[PDB]
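Undergrad: Fit chain B to the given chain A structure using the hints.
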Amino acid sequence: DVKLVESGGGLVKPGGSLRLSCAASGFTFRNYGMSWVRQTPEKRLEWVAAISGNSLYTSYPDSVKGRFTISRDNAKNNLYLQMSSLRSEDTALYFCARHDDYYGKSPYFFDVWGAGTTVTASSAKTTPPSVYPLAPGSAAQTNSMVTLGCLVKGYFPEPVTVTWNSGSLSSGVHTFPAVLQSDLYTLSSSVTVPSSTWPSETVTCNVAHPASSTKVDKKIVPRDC
Amino acid sequence: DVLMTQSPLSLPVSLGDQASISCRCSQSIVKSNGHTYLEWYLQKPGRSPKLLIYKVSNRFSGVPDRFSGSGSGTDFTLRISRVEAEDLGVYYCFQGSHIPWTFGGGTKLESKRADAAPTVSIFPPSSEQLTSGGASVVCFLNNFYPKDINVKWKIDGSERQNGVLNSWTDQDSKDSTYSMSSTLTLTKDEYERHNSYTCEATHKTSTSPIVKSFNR
Numbered sequence: 001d002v003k004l005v006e007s008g009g010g011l012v013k014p015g016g017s018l019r020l021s022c023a024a025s026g027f028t029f030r031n032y033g034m035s036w037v038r039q040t041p042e043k044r045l046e047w048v049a050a051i052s053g054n055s056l057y058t059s060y061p062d063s064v065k066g067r068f069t070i071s072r073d074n075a076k077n078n079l080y081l082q083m084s085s086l087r088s089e090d091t092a093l094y095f096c097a098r099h100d101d102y103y104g105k106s107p108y109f110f111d112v113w114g115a116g117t118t119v120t121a122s123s124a125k126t127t128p129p130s131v132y133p134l135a136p137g138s139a140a141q142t143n144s145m146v147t148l149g150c151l152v153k154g155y156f157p158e159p160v161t162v163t164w165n166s167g168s169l170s171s172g173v174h175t176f177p178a179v180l181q182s183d184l185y186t187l188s189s190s191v192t193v194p195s196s197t198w199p200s201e202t203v204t205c206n207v208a209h210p211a212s213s214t215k216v217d218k219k220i221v222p223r224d225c
Numbered sequence: 001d002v003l004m005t006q007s008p009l010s011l012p013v014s015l016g017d018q019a020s021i022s023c024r025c026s027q028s029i030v031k032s033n034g035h036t037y038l039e040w041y042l043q044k045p046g047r048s049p050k051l052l053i054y055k056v057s058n059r060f061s062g063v064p065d066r067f068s069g070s071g072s073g074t075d076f077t078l079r080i081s082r083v084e085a086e087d088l089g090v091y092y093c094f095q096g097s098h099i100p101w102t103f104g105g106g107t108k109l110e111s112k113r114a115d116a117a118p119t120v121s122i123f124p125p126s127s128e129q130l131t132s133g134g135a136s137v138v139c140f141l142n143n144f145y146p147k148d149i150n151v152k153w154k155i156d157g158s159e160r161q162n163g164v165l166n167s168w169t170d171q172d173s174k175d176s177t178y179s180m181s182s183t184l185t186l187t188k189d190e191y192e193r194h195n196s197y198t199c200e201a202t203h204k205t206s207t208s209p210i211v212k213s214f215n216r
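For the protein sequence lines, the chains are A and B, in the order given. Each step along the first sequence adds one to the number in the numbering used here, with nothing skipped, and position 52 is 52. Each step along the second sequence adds one to the number in the numbering used here, with nothing skipped, and position 183 is 183.
No lab work stands behind these hints: they were computed from the structure. Honestly, I wouldn't trust all of these hints.
Unchecked claim - In silico BS3-like pairs for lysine-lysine, Cα to Cα no more than 25 Å straight-line:
(1) A:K43 x B:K50
(2) A:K3 x B:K55
(3) A:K3 x B:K44
(4) B:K188 x A:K218
(5) B:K188 x A:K219
(6) B:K108 x B:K212
(7) A:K43 x B:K212
(8) A:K43 x B:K147
(9) A:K43 x B:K108
(10) A:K43 x B:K174
(11) B:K55 x A:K43
(12) B:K188 x B:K212
Chain B with its partners taken away, still in its complex shape:
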């Protein structure tokens, strides 16, 4: 099988600029007839892949001139100039030269914007949940940029890195910010043994620590 490797994984550009996505092969994708059947697809969230470039460097129907593909042997590039908002999504390369046909990992094209500190809210467990023998402490970190941020949990001043589940949203298409929820799962009995619950967002780097606490 021909292994396609794409790099980078994510790539933030300012709208109007140029982007370069690379796609490497673990062996030749020249077919017996001498032709290279490399294709680039774009996939937007919720929708299915749309064919952009076929056969290394041919624009498909209704694909704007700003997309151009090139490359030689095991190395293939997709350059996107004048990046518009509708160009944002995931870019896969594909080879139709040898069975099985394989895809690359993909590369996320995201948009750059101005730095924004998160809005942080911490929630105690609901009394409903306590009647079930569980206690989930929840923390929302909303509308920040960039994607990377460090969330710290503290219970009675002591750091907790244990049963913590974090989930990010996709880049918000209206304002280009990211959001995150961070959940601390405890038993009801563990919860009652402790008073102070704190959720820390940190950027260093940026806007100094944002702490949010509750007690009882």
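Extracted from the complex, chain A is given alone in its bound form:
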């Protein structure tokens, strides 16, 4: 199979630099024009840079010209994107894609895409999450089902991983997209378990935040009053 894998994305403060890297395999790399394409939090797709098979011809839109430099190394099968003086507008998932063969003819641009590396440009400092147990109040009407949750609040940057009972509980689990609450992300997760299996059995939510190298385990304990 033809394969393209990105790397080099991370967090940077505005005005800083970064270098993205795309490896190619399963085809003659030097015959194909390559581009980079970004996807914004809004879901918008934007073409960002193109280089010819021979390296000689590059092109950019006006939003990145002067700031971004597409580059390739045919011997090593690599495509790079030198990014500089980054701003919060450059935060996106950055894709690596091949368009056309240099040998006639010309149809179908972007047929193979990478998985994408995430760039986030922000001055907001890295912050581990606060993890809070969500248990029903000590008076609530109880049914055959009981829904518990975990609230994961005030962290930065994305992502965070939430699992329940180390992942051995995956039924009736809803994890909700994070939302910006003024420079910090907030997210919650929800699990629904049979009435009997709680609190007679233990439910724990596990939260990992790679960027702050932080993992938190929280047991959902029935609230006493």
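TA: Structure of chain B alone, referenced to chain A:
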């Protein structure tokens, strides 16, 4: 730059039916050689765009006959017949005719199903959080259809539309329902000044109000 506008934004179909996604241009995308390099991509959650139609109306490799593209000058259509579950996702149109090449906004293809009222749970703030000087009241609204619902907050009977954060999930691929969490952020001191906290889901329209409360 050639501005591509897609409509509608979201589109629910019953599996087996037909769907039509439109894509408009702000100027001609006929290239100097007379050819129109319009392309349609499909993107599924977690995955990268896959090329479906290229050059207005040519099916790419392994793309099923049910996809067909057409259109003339500034107007281009994607028709999907016999919509299967694997066809669900976001559809972008693209033009490779003039630099810079631009994409459309996208159109979400979602599946129709039977109406389902939400399951609503309300949670007081955890005592952990209270020790930090904050208090978040959380409300889960789980497994409803359709996507649209109105969530009302009440504190001591008084409506609160203020610092409320709402978040939806994608359509659940097993049962085609949606879920939502709604969070009320207060200070610890604001929290203690009030007794009654209520979370209202409303559809009118559908299944009459679903109220969930707690006190202290």
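Undergrad: Each hint needs a verdict: does it hold in this structure or not?
TA: How the hints compare with the structure:
no.	hint	in the structure
1	A:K43 x B:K50	15 Å, holds
2	A:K3 x B:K55	24 Å, holds
3	A:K3 x B:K44	18 Å, holds
4	B:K188 x A:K218	21 Å, holds
5	B:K188 x A:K219	23 Å, holds
6	B:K108 x B:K212	32 Å, violated
7	A:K43 x B:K212	34 Å, violated
8	A:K43 x B:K147	19 Å, holds
9	A:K43 x B:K108	11 Å, holds
10	A:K43 x B:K174	24 Å, holds
11	B:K55 x A:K43	24 Å, holds
12	B:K188 x B:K212	21 Å, holds
Hint violations for this structure: numbers 6 and 7, all remaining hints satisfied.
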